[PDB]
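Enquirer: Chain by chain, the residues run as shown.
Protein chains: 2
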Amino acid sequence: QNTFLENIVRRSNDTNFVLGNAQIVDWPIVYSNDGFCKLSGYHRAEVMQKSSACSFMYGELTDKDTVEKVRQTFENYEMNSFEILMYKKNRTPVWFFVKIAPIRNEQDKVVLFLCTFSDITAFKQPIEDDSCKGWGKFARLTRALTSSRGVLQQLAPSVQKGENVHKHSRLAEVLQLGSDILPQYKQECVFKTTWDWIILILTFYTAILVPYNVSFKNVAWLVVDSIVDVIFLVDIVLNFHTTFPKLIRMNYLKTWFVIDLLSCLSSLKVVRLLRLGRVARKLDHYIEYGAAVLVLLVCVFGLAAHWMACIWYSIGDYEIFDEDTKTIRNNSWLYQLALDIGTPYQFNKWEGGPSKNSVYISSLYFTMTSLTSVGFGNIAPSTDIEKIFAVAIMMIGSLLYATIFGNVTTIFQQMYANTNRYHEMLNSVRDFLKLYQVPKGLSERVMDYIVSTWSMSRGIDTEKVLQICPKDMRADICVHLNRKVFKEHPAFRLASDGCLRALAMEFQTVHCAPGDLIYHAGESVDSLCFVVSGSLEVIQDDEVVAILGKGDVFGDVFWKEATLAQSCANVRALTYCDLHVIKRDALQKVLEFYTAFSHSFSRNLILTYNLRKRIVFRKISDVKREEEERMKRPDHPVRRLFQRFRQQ
Amino acid sequence: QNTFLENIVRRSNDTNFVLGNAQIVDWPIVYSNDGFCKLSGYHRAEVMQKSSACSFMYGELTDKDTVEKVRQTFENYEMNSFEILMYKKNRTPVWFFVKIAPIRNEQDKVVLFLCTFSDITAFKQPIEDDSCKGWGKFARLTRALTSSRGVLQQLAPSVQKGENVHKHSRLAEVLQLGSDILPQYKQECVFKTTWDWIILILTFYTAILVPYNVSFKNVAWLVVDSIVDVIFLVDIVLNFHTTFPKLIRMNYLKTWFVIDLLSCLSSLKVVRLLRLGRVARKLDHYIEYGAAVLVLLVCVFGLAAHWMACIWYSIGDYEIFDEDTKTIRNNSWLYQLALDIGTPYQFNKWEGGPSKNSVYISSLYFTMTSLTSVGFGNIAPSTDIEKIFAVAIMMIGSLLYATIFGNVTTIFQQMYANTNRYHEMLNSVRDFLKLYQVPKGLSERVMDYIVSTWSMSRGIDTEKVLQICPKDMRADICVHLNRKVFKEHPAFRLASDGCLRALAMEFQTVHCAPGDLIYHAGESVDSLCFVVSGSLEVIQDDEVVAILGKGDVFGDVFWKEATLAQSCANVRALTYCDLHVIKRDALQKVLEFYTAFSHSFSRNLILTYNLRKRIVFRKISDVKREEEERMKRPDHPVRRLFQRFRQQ
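Protein chains in written order, with the authors' numbering: chain C, 14 to 201, 214 to 242, 247 to 273, 284 to 304, 324 to 406, 412 to 696, 706 to 720; chain A, 14 to 201, 214 to 242, 247 to 273, 284 to 304, 324 to 406, 412 to 696, 706 to 720.
The set of hints was computed from the structure by calculation and includes no laboratory data.
Errors might be hidden in some of the hints.
No copy is singled out in the list; a pair is fine if it fits within one copy or between any two copies.
To be verified - The list that follows gives simulated cross-link-like pairs (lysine-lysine, DSSO-like), each with its CA atoms no further than 30 Å apart: (1) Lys-77 <-> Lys-51; (2) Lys-550 <-> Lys-102; (3) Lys-450 <-> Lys-242; (4) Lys-613 <-> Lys-687; (5) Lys-497 <-> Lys-293; (6) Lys-327 <-> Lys-340; (7) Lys-82 <-> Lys-51; (8) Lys-623 <-> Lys-102; (9) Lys-550 <-> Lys-534; (10) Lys-199 <-> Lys-687; (11) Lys-676 <-> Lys-51; (12) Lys-102 <-> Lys-613; (13) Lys-547 <-> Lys-652; (14) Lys-122 <-> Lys-687.
Model the full assembly from the supplied sequences, consistent with the hints where possible.
Expert: As C-alpha cells, this is what we get:
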C-alpha cells in the first residue's frame with residue numbers, strides 16, 4: 014500500500030502543502046490539504062486543476078523573476094525554496110515560503126511535485142496596496158503568520174534576530190521535510218514455523234524427560254539437555270524480537296515472560331514442567347486445522363499418560379519406605395508388582416526388586432489402563448494415597464476420553480455432512496421423480512444431469528461465490544470467465560474495458576449435455592449465444608440445417624430488430640457444449656450505454672444462424688414424390713382465398 | 014454423444030472440408046471449417062445455405078461437365094474425387110481437389126455429404142484471365158497451394174514427378190479420410218462389482234488366515254490357499270486391463296502394482331499381510347454409503363482383534379522360551395493361562416500345556432477385552448514386552464472405539480435430523496397457533512393440512528427441485544406434470560410444443576383439502592383453473608349452483624375480457640382435489656406470444672363456470688313466501713330513485 018499522503022501529513026505538523034502533477038503541462042494541482050485551503054482562503058475544488066505554480070495567487074507586486082524561477086525549478090525537477098508576495102481570495106498581499114520537492118518513483122520517474130507553504134509577511138516587510146492603518150495591516154500580518162510564528166517560533170518572541178534564528182529554523186524544518194519527501198508514491214515467516222516446530226518437539230522432549238528425571242532420576250542425555258536449555262533461551266530472545284519492537288517486548292513481559300524465564304534457567327526441576335507454556339504458541343496455530351487436533355489430543359493423551367505414570371511411580375516409591383521403621387507393609391503396587399514379575403525385595412540393607420525399565424513401562428501400562436477406561440487390574444491401587452490418586456486419574460481419564468470421542472465425532476460429522484447433503488438432495492430428487500411417475504428415460508436424464516453437475520461443480524454455488532467477492536473483483540472474475548469469448552471474437556476486440564466488465568457481468572454460462580436442446584422450435588429467442596466449446600445441430604422440420612462449432616454465434620440480432628421472435632428451429636447439442644449466453648435485456652442495456660461501441664458491435668458480429676429467419680427448402684423425398692406424380696397426370709371458394717393470399 | 018465434427022477435424026490435419034445436407038434439394042451447406050473459410054476467402058454465414066456443389070464458386074473457365082459429374086455423385090450418393098478450376102471471393106482461378114463422401118447413418122440413411130478440398134493450381138497448370146506477370150501469377154499459385162505443398166509434399170521439392178508421387182499421396186490421404194468417414198452422424214460393470222466382492226471376502230480370508238498361520242502355523250486349506258493365489262493373480266491382470284489400456288497399465292504400475300505384486304507371489327508370508335491393498339479399491343466404493351461404514355468399522359474391528367490376538371500369542375510364545383536355559387519364568391499369560399484352565403507344562412523334553420484352539424480363542428478374548436475397553440483381567444499382561452504391547456493395543460483400542468462411537472453418532476444424527484426438522488416446524492406451528500389463540504377448529508385445520516402435506520410431499524420443495532434442473536429439463540418435467548391437462552383438454556391439442564412448455568412452466572398445482580374453498584365470493588378471479596381430480600361445489604348465496612368434476616375449467620376468460628372481476632360465488636372443494644391453475648398474467652404473456660394458438664384456444668376452451676357472471680335465480684322458499692303474500696293483499709322520494717334505476 015502507498016501511504017504517500019499519510020506520511021507527509023504526519024511529518025508536516027500543522028504545515029501545509031499542495032501536490033501537483035509533474036508529468037503534465039502547466040503542472041496542475043492534484044491535492045491541497047485543509048491548511049492550504051485555510052491559508053489560501055480557497056476551496057479544494059477551486060484549488061485543484063489550477064497550476065501548482067499558483068499563478069492565480071499572483072499579483073501586481075508578485076515578482077516575475079520568482080515566477081520564472083519557479084518555472085525553472087519545475088522544469089529541471091529541482092528541490093528549491095523561495096519567498097514571494099502572493100495574493101489570496103480576498104487579494105491580500107501575503108509573503109509565502111514555498112519549498113518545492115520533486116517526487117521520484119519506484120521507477121524513479123518524476124511523477125509528482127510537492128509545494129509546501131508558510132507566511133513570511135511579518136518576517137520580511139509589510140506592504141499594502143491599501144489598508145485602514147499601519148497597525149491594522151500589521152495586525153493582519155501577525156494574524157496571517159499565526160501557525161508560522163506560534164507553533165514553530167515558540168521562544169523566539171523573547172529573543173531578537175528572528176530572521177537569523179527562527180526563520181532559519183522553519184526553513185530547516187522544510188529541509189527535514191524534504192528529507193522526508195522519500196515516500197516517492199509507491200507501495201510501502215518460514216523460520217518462525219520451523220522454529221516453533223523444533224521447540225514443539227523439544228517441549229515434547231522435556232515433558233517426557235523431566236518427570237522421568239524426577240521419578241527415576247548417561248552423559249549424552251546431559252549434552253542434549255544443555256542443547257535444550259540454550260535453544261530455549263534463543264527462543265526467549267526470539268519471542269522478544271519477532272513480530273506479533285520494544286512494544287512487543289513489553290507485551291511479552293506482560294504476557295508470558297515470567298513463566299518462560301522461570302521455566303528454563324534442585325527440586326525446582328519440577329519448575330521445568332512449566333516449559334509447556336511454549337506449546338500455547340502453537341495451539342492457536344493449529345486450532346483452525348481440525349484433523350490435527352485429533353493428533354493433538356492423542357499426543358496430550360500420551361503425554362498425560364507419561365506424566366501420571368511418573369506420578370504413579372512417585373506414589374509407589376513414597377509409599378514403600380515412608381518411615382524409618384523400613385517396613386514393606388505388604389501393600390503397594392510396587393510390592394505386588396515385585397511379587398508378580400519375580401525377585402521380591404530382600405535385605406542383607413534392602414536389596415531392590417524390579418528393574419527400573421520394567422517399573423516404568425509397567426506404571427505406564429497402569430496409567431494407560433486408567434486413561435483408556437480398560438482397567439485390567441494387574442497393577443491396581445490398594446494404599447490410601449494411591450487410591451485418591453486413582454480417583455484423580457480416573458476423573459481425568461473420563462474427560463480425556465470424552466474429548467477424544469467428541470473430537471472424533473465432530474471429524475466424522477464434517478466428513479459426513481459434506482457428502483450427506485448431496486446424497487440427501489439426490490434422494491429427494493429420486494423421491495420426487497418416483498412420486499409423479501415420470502417416464503423412466505426422462506427421470507434417468509435428469510438424474511444423470513444431477514450427478515454430472517455434481518461431479519463437475521463438486522457442489523459449489525459459483526454465483527454465490529461471486530456474490531462473496533466485491534464489485535470490481537467479481538467483474539474481473541467474470542472477465543476471466545468470458546475470456547473464451549473476448550479473446551476469440553472480432554465483435555469484442557474494439558470494446559472498452561468498462562464495456563468488457565459490464566458485459567461479462569451479464570454472461571451466463573451453460574454446460575449443455577449432449578442430446579439436450581437449448582431452443583426448441585417455437586420457443587422465444589431472447590438470448591444470443593456464443594459457443595466456446597462443443598458441437599451443435601440446428602433442426603428445422605426434422606432436418607439438420609446448421610452445424611455450429613467452436614466460436615459461433617446464434618440466437619437473434621436484437622439491437623437491429625428490437626422485436627421478440629419465435630425460434631423457427633430446434634437447436635440441439637451434439638457434444639458436451641460450453642455456451643456463454645446473454646439475454647437481450649442486459650445486452651440492450653449495455654449497448655444503450657456504450658453507444659460508440661454498439662455500432663462496431665453491429666458491424667463486427669455476424670450471426671452464424673438467425674433463429675428468427677425461417678429458411679425455405681424442399682426435401683428430396685418431396686421431389687421424388689413430384690416425379691412420381693406424372694402417373695396422376706369447385707376451386708372458386710378456395711382460390712379466392714388464394715387470391716386473399718395474393719392480398720397477403 | 015455424436016462427435017461427428019471432432020473426429021473429422023482430428024483426422025483432417027490442416028485439410029479443409031464442408032458438410033452439406035444430403036436429404037435437402039440443391040444440397041445446402043450446413044458447415045464449413047475455418048480452413049475452407051481461408052481457402053475460399055468467404056465467411057461462415059456467407060458460405061452456409063449455399064450449395065455444397067459450390068456453384069457460386071464457379072467461373073467462366075469452370076467445366077460444366079465436372080458440374081454435372083458433381084451433380085451425379087450427389088444424386089447417386091457416391092464417393093468420388095474431382096479437380097476443377099473454381100473462383101474465390103476475389104475471383105481467382107484456383108484448381109480444387111474435391112473429395113465427396115456420403116455420410117450414412119445408424120439408420121443407414123444418406124443424411125449428410127462431406128466435401129474436402131485442396132489447391133491443385135501449381136500441380137496442373139497456371140491459367141489467368143489477367144495478371145501482372147507470369148511470375149506474379151505463379152507466385153500467387155504457390156502461395157495458394159501452401160498447405161497442400163507444405164505439410165503434405167514435404168520432401169517432394171527435392172524429387173521430380175510430383176504428380177506421380179505427392180499428388181497421388183494427397184489423394185491417398187483423402188482416401189484414408191474417406192476410410193475415416195465412418196462416424197456416420199450417430200452417438201458413439215457387474216463383473217467388476219462381483220469380482221471386487223469375491224476378492225474382498227478373500228482379503229478378509231487372508232487377513233484372518235495369514236496371522237493365524239504365522240502364529241499357530247490339513248490339505249484342503251492348502252488347496253483353497255492356492256485358489257486364493259491364482260484368483261489374486263487374475264485380479265492383478267484385471268487391474269491391469271479394466272477401466273479407470285496401456286495408460287492405465289502405466290498408472291497401475293505407478294500407483295499400486297509393486298504392493299499388489301509383492302503381496303501375492324518363508325518368513326515373507328508376513329509380506330502377504332499387504333494383500334489388504336486390494337481393500338482400498340472397495341473403500342472408495344462404499345465411503346459414500348454411510349450405514350455400511352458402520353459395518354466396515356465392525357469388520358476392521360474384528361480383523362484388528364484377530365491381528366493383535368495373533369500378535370498376543372506371538373508375544374507369549376516369544377516370552378515363554380526366550381532362552382536356552384528353558385525356564386518357564388513363572389510369569390506369562392500363557393503360563394497363568396495354563397495354571398488357570400489346567401494342565402500346567404511338564405517335562406520328561413517339555414510337554415506343552417493348553418490346546419491351541421483354546422489358546423487362540425483365549426487370546427482373542429483378551430484382545431477383545433482390550434479393544435472393547437472392558438478389561439476383565441483373566442489374561443492380563445505382566446511381562447515387559449507384553450506390557451508395552453498392552454499400551455500399544457490400548458492406544459489402538461481407544462481410537463477404534465472412538466471411530467465406532469463417532470460413526471454411530473453421525474448415523475443417529477442423520478436419522479434424527481431428517482425427522483427433527485419436521486417435528487420442529489410442527490412444534491413451532493403449534494406454538495404460534497397457541498400464541499395468538501386461534502379458534503380450535505381453524506388450528507386443527509391448519510395442523511392437519513401440515514401433516515397431510517408432509518405425508519404426501521414427504522418434505523420435498525419440489526419447486527426448488529425444479530430449480531436444480533436446467534431450463535429444458537424443467538420445462539419437460541412441467542410438461543409431464545401437466546399431461547393431465549394437455550392430454551385431456553381440446554383446448555391444448557392444437558398447441559405447439561414450445562407453447563406447451565411455455566405454458567407448463569406457468570402452471571401451479573393445488574392440492575385442495577376437502578371442505579376448503581378456493582375462491583371466496585368477492586375474491587379476485589385472476590387464475591383460470593383446470594380440475595384434473597376431485598369434485599367441487601360452487602356456492603352462490605348459500606346454494607349449490609355448479610358441481611365441477613374431472614376435466615372442468617373454471618375461473619374467468621381473461622383474453623376476451625382483459626378485465627379483473629370479483630368472484631360472484633364461493634368455490635369449495637368436496638373431495639381431495641387436484642387443480643392445475645394458471646394466473647392471468649402468465650397466460651396473457653403466453654397468448655400474446657403464441658398468436659396463432661390463442662385464437663384456437665379461444666375457440667376451444669369452454670368455461671365450465673364463469674366466476675364473473677353472477678347468475679340470477681330465486682329460491683323456492685321465496686316463492687312460497689310470495690304465495691303466502693296473498694293474505695297481505706310516500707313512494708315519490710324513493711320511486712324516483714327507482715326512476716334513477718330506470719336511468720340506470
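Enquirer: Each of the hints needs a verdict: does it hold here or not?
Expert: We went through each hint and held it up to the structure:
Taking the shortest Cα distances, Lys-77 and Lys-51 sit within 30 Å of each other inside one copy (25 Å), while across copies they are farther apart (68 Å). Taking CA atoms no more than 30 Å apart as the test, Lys-550 paired with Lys-102 passes between copies only; the shortest distance there is 27 Å, against 54 Å inside one copy. With identical chains, the CA atoms of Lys-450 and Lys-242 are at most 30 Å apart both within one copy (24 Å) and between copies (22 Å). Taking CA atoms no more than 30 Å apart as the test, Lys-613 paired with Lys-687 passes in neither setting, with 36 Å inside one copy and 48 Å between copies.
Taking the shortest alpha-carbon separations for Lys-497 and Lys-293, neither the intra-copy value of 67 Å nor the inter-copy value of 44 Å comes in at or below 30 Å. In this assembly of identical chains, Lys-327 and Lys-340 lie within 30 Å of each other by CA distance solely inside one copy; the values are 24 Å within and 44 Å between copies. For the homomeric pair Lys-82 and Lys-51, the shortest alpha-carbon distance inside one copy (26 Å) is at most 30 Å, but the shortest distance between copies (65 Å) is not. Within a single copy, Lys-623 and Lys-102 get their C-alpha atoms only as close as 56 Å, which misses the 30 Å cut-off; across copies the closest is 27 Å, which meets it.
In the homo-oligomer, the alpha carbons of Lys-550 and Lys-534 lie at most 30 Å apart both inside one protomer (22 Å) and across protomers (28 Å), since each shortest distance falls under that limit. Within a single copy, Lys-199 and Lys-687 get their C-alpha atoms only as close as 80 Å, which misses the 30 Å cut-off; across copies the closest is 26 Å, which meets it. For the identical chains of this complex, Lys-676 and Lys-51 are inter-copy neighbours only, at 27 Å across copies versus 69 Å inside a copy, given an alpha-carbon limit of 30 Å. In this assembly of identical chains, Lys-102 and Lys-613 lie within 30 Å of each other by CA distance solely across copies; the values are 24 Å between and 66 Å within a copy.
For a Cα distance limit of 30 Å, the shortest separation of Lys-547 from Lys-652 inside one copy, 22 Å, qualifies, whereas the shortest one across copies, 35 Å, does not. Within a single copy, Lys-122 and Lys-687 get their C-alpha atoms only as close as 81 Å, which misses the 30 Å cut-off; across copies the closest is 16 Å, which meets it.
In summary, the numbered hints that this structure violates are 4 and 5.
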